[PDB]
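**Student:** Letter by letter, the chains look like this.
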Amino acid sequence: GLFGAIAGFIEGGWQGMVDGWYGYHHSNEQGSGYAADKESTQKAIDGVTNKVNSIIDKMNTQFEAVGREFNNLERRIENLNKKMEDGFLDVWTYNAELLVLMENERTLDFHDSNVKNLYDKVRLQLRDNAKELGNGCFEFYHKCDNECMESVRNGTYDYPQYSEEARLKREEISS
Amino acid sequence: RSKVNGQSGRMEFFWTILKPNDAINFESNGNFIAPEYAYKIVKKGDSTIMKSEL
Ligand SMILES: *[C@@H]1O[C@H](CO[C@@H]2O[C@@H](C)[C@@H](O)[C@@H](O)[C@@H]2O)[C@@H](O[C@@H]2O[C@H](CO)[C@@H](O[C@@H]3O[C@H](CO)[C@@H](O)[C@H](O)[C@@H]3O)[C@H](O)[C@H]2NC(C)=O)[C@H](O)[C@H]1NC(C)=O
Ligand SMILES: *[C@@H]1O[C@H](CO)[C@@H](O[C@@H]2O[C@H](CO)[C@@H](O)[C@H](O)[C@H]2NC(C)=O)[C@H](O)[C@H]1NC(C)=O
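The listed protein sequences correspond, in order, to chains B and A.
First residue of the first sequence: 1, per the entry's author numbering; consecutive thereafter.
Mapped onto the entry's author numbering, the consecutive letters of the second sequence carry residue numbers 220 to 260, 260A, 261 to 272.
Take the hints with a grain of salt, since some may be wrong.
What the hints assert, rightly or not - Straight line, CA to CA, 25 Å or less: simulated BS3-like cross-link-like pairs of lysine-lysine:
no., chain 1, residue 1, chain 2, residue 2
1, B, 131, B, 116
2, B, 58, B, 43
3, B, 116, B, 43
4, B, 83, A, 269
5, B, 82, A, 269
6, B, 169, B, 131
Stated by the list, open to error - Computed far set for chain A versus chain B, every beta-carbon distance over 10 Å:
no., residue
7, 232
8, 247
9, 251
10, 253
11, 254
12, 255
13, 256
14, 264
15, 266
Claimed, not checked - Computed, partial: chain A to chain B, Cβ under 8 Å:
no., residue
16, 268
17, 270
18, 272
Keep in mind the hints are simulated off the structure, nothing from the lab.
Just so it is clear, CB atoms sit at the ideal spot from N, CA and C, and this is done for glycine as well.
Model the full assembly from the supplied sequences, consistent with the hints where possible.
**Tutor:** What follows is the structure, given as structure tokens:
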């Protein structure tokens, strides 16, 4: 995809994350588990909802009665009507079909971007307190219990607190 | 003319809208298919005729 995340540096999605579109998987002493990110899932569901509703809303619908009212000596008008009728069907069929094809590409790129942005959100929080494994995961240079993982997931991770413990583990890896 | 339902004669029908307070005046010395009934109409809009076997 355009943003390189979905089916890219994150290979495959998660059957085990039932409660949202994008989220986290943690792994520490206490145990592993999945958690949906609700801010970014709700935003995305807002956008896609709005997209769908606009594609339907913005259509202008008028009353029209369409029949075959011309007789056997009015074939020239009947053909004018056919050209008109057929012409609008060609227009609406092409627009609908391309509209769907084109907004289907944008919706999938939207999700790609949403996932890449979330990865970047955690990246920017953790800085060098974690190694970047490159498959969408961060290996922590410190001990990160459940309340720490929650702080990453809700955007309140305290870099300073763990900063020292982390650099002693990085210094240590330089052996 | 060719027979249609046994008949070679033809019947040709004509119509008109008669405004409120106008009069219609017939004069004929033959061949007249005269009205007995007519129809009151008010028209506030239009549609078309649908063809359906339902
Ligand atoms: C169709 O008929 C109407 C109504 O006709 C009236 O009622 C019928 C049941 C019969 O009794 C008719 O003889 C009678 O006229 C005609 O309209 C009416 O026209 C008359 C005149 O021909 C109007 O009378 C006038 O009244 C004014 C004051 O109101 C005087 O100044 C005039 O001198 C005259 O008397 C009458 O008002 C009018 N009524 C209505 C409701 O419009 C109508 O003319 C007729 N069709 C045609 C083609 O004329
Ligand atoms: C983000 O998650 C953190 C981590 O749990 C929350 O902060 C802790 O909340 C618990 C309540 O379950 C308290 O016992 C701790 O005292 C809190 N710890 C710290 C370091 O503050 C926090 O409430 C959440 N914040 C937001 C904005 O969602």
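**Student:** A separate judgement is required for each hint: does it hold in the structure or not?
**Tutor:** Hint-by-hint comparison with the structure:
1. The straight-line distance between the Cα atoms of residue 131/B and residue 116/B is roughly 17 Å, inside the 25 Å bound, and the hint therefore holds.
2. Restraint check for residue 58/B and residue 43/B: the C-alpha separation of about 22 Å stays at or below 25 Å, so the hint holds.
3. A C-alpha spacing of about 15 Å is found between residue 116/B and residue 43/B, which places the hinted pair at or below 25 Å, so the restraint holds.
4. The suggested pairing of residue 83/B with residue 269/A holds, with an alpha-carbon distance near 21 Å, which does not exceed 25 Å.
5. The straight-line distance between the Cα atoms of residue 82/B and residue 269/A is roughly 17 Å, inside the 25 Å bound, and the hint therefore holds.
6. Between residue 169/B and residue 131/B the alpha-carbon distance is near 11 Å, which keeps this suggested pair within the 25 Å criterion.
7. The Cβ of residue 232/A lies farther than 10 Å from every Cβ of chain B, with a closest approach of about 15 Å, so its non-interface assignment holds.
8. With 10 Å as the threshold on Cβ separation, the claim that residue 247/A sits away from chain B holds: the shortest Cβ distance comes to roughly 28 Å.
9. With 10 Å as the threshold on Cβ separation, the claim that residue 251/A sits away from chain B holds: the shortest Cβ distance comes to roughly 26 Å.
10. No Cβ of chain B approaches the Cβ of residue 253/A within 10 Å, the least distance being about 27 Å, so the stated non-interface status holds.
11. The beta carbon of residue 254/A sits about 25 Å from the closest Cβ of chain B, which is more than 10 Å, so the claim that it is off the interface holds.
12. The non-interface label for residue 255/A is consistent with chain B: the shortest C-beta to C-beta separation is roughly 28 Å, beyond 10 Å.
13. Every CB of chain B is more than 10 Å from the CB of residue 256/A (nearest about 26 Å), matching its label as outside the interface.
14. A cut-off of 10 Å between C-beta atoms contradicts the statement that residue 264/A is not in contact with chain B; the least separation is 7 Å.
15. A beta-carbon of chain B comes within 10 Å of the beta-carbon of residue 266/A; the shortest separation is about 3 Å.
16. The criterion of a C-beta within 8 Å of any C-beta in chain B is met by residue 268/A, whose closest approach is roughly 6 Å, and the hint holds.
17. A hinted interface residue such as residue 270/A counts as satisfied when its beta carbon comes closer than 8 Å to some beta carbon of chain B; here the least separation is about 11 Å, so the hint is violated.
18. For residue 272/A, the interface hint is violated, since its Cβ never comes within 8 Å of a Cβ in chain B; the closest pair sits about 15 Å apart.
When the structure is compared with the earlier hints, violations turn up for hints 14, 15, 17, 18 and for no others.
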